[PDB]
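The structure's right below; bear with me while I get my questions together.
Certain chains of the assembly are absent from this excerpt, and the rest are unmoved.
Per-chain numbering from 1; labels A and B assigned in written order.
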Amino acid sequence: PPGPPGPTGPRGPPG
Amino acid sequence: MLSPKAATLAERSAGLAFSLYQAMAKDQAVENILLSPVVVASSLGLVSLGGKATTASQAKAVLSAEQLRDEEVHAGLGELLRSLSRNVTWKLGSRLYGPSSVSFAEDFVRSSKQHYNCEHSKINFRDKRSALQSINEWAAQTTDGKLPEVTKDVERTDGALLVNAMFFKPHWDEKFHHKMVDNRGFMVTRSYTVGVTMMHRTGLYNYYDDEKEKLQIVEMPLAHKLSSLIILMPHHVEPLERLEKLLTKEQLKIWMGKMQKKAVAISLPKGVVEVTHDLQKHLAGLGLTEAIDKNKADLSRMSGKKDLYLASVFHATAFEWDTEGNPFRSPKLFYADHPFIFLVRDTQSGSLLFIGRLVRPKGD
């Protein structure tokens, strides 16, 4: 079976 | 299941937790908060047990158990402490430290052990390094080294010290994958970032997003759904003050009824958070003024000495965030890279096991 979905990506840069 | 007397005291311990959390959150010197309502309540129970007249009645009043009988208070808190002792790691120790000269009353020693599992120790505060070593070694043994140090200094050396040493490690109902761990930046403030280890997981969780109040709330069930860890966090990085103004027993009940099981992508800091609070000044601010003052204190039931007063109430906790737990729509993000509030609630009674906040994790 496939693995779990990966971790959430890092926070975006400021505007 | 809790008796009607323990159930009533459970309400009052949780009420006191919110009151104490708020008082400490107002104190600018306080960063992280870690409070065990039952343990805090028990400390007042010990003051009522070892004290007479206004010293004892003030303790009962702070607890809001004025209507209750001394015995009913002691037996009900005792039952509460015992009930919170399942598949989750929890270590608790309570020790009363008095000067070498003083000898504790035999009847008090019997009752404090019976209801509060309180240990008694005579210490010579004059040998500062030895005294701190004794307290710290006791706390380490109690927590199996997870809390190696309580305090680096004891200010008041002429009174009794109450030390509560704890280790708590939430064991998830649905574990995080052991490999889903990485390094991220934790935003203490919008200008200050600390390097932390983060653990990640996508799953079905009770969740609520308040678009108006710009906050998120998630419920993370603990092993066998016996308790849950609730996390409250603003959408973005901001001081917790605004959110703390909203945090009441009534508002928490509102938020929890609005929660729905949704797919949530959780990211939490991973590691041990060590917090030591001296609740002395805070309990005094809540109404325990007499036990804290050397001249007014009446702890005659405790030893037979009027001079004896409550110097400190150390609430030392090591709280571990780890991947370990039981094996198991577009997800909402619960990305805890900034300060948040958390509560550990027994799913059955509603009793608060913990109330705290993570403002500054350990890291560079």
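Operating definition for what follows: contacts are C-beta pairs under 8 Å (C-beta built on N, C-alpha and C of every residue); 3 or more make two chains touch, one makes a residue touch a chain.
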item	value
Formula for the entire assembly, written in the chain labels shown	A x3, B x2
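What we mean here is this: only the chains that are shown with their structure count from here on.
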item	value
Centroid spacing, where centroids are CA-atom means, of chain A and chain B in whole angstrom	32
Chain A residues touching chain B - in the complex, by the definition given at the top	4-8, 10-11
Sites on chain B touched by chain A in the complex	177, 180, 182, 184-185, 187, 198, 200-202, 265, 267, 333, 335, 337
